[PDB]
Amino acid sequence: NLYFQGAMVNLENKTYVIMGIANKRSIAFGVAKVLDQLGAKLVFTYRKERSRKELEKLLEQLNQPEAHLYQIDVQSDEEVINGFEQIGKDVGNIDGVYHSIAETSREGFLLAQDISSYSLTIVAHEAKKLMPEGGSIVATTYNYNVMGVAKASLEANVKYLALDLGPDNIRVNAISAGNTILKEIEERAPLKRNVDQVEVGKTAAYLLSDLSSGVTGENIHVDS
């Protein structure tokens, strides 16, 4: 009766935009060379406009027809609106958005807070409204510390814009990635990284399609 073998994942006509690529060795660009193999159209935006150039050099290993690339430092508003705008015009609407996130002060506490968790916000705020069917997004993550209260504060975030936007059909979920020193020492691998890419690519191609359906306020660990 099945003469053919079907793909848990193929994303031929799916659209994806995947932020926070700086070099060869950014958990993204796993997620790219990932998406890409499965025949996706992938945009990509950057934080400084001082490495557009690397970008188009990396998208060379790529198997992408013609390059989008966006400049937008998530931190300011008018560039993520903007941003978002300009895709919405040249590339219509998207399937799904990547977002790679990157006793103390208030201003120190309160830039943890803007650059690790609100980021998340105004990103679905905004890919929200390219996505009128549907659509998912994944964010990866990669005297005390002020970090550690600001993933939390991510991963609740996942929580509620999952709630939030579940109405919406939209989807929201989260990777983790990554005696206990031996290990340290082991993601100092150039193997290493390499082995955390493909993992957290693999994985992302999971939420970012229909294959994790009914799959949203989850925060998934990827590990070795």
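Numbering follows the first chain given and starts at 1. For clarity, a rigid core is taken as the largest C-alpha set superposing within 1.5 Å between two forms. Compared with the form deposited in another entry:
Taking the core as reference between these two forms, the lone member of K192, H68, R47, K159 whose Cα moves by 2 Å or more is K192.
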Given for the second form:
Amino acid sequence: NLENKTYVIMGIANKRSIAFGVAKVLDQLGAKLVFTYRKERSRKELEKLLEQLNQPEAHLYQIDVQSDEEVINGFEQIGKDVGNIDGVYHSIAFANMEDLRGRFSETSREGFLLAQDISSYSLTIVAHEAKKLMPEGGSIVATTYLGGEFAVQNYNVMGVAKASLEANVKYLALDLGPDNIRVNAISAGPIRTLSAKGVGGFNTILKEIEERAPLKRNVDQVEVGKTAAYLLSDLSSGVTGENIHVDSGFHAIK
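Having looked at the form deposited in one PDB entry, could you now put up the form deposited in another entry?
Here you get just the chain by itself.
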């Protein structure tokens, strides 16, 4: 039960977004929500999606996490508008299509660093900026994937970025733990989203999970959301630095 709580949800682009899964769950549970977006087309979508939710207000903020200024200023506004918050759901990554296929060894410098910036470094600065609105502590949750732990065909430059995000989560837990701020990851199973369209072999991935993972089935966004609710609430009070897989057991098998 999340009444009185306020969460910032980062990275809804549309109805299939993992973060929109997160949103429905927290909304259903009683939370007040604030959404951040990058593209104009995403603000429009959010505008249309908020009619499903039970939020009396729409608290929408443009933040491109490639700019320090937009993060600093975006969180500063949030505080002025809604006050102190209880956590942040981070659902943000990017890579060029070029570097999500063929050969990892040909990734460009610029393409490599672009994925680190957006998909890993972004959590450090969000956490720093968010920390200023959690003086009594809170919870930060970032979205990860199996390709950060094992080399998987195609995910290429994103795997190295996911590996980097998961360590980020561990150094942030260590740093922020004395401020009563917990930092964890959800490692979601594969899911049909707009960003998945740039992961080569996606369909085959989806299928190899039905056939082989313990639950013999794929997970959806609402499942990411129910775990996110546990992480973002006091249910998970002893838990930090952790990486929960929501993937039907796939992580546990070979």
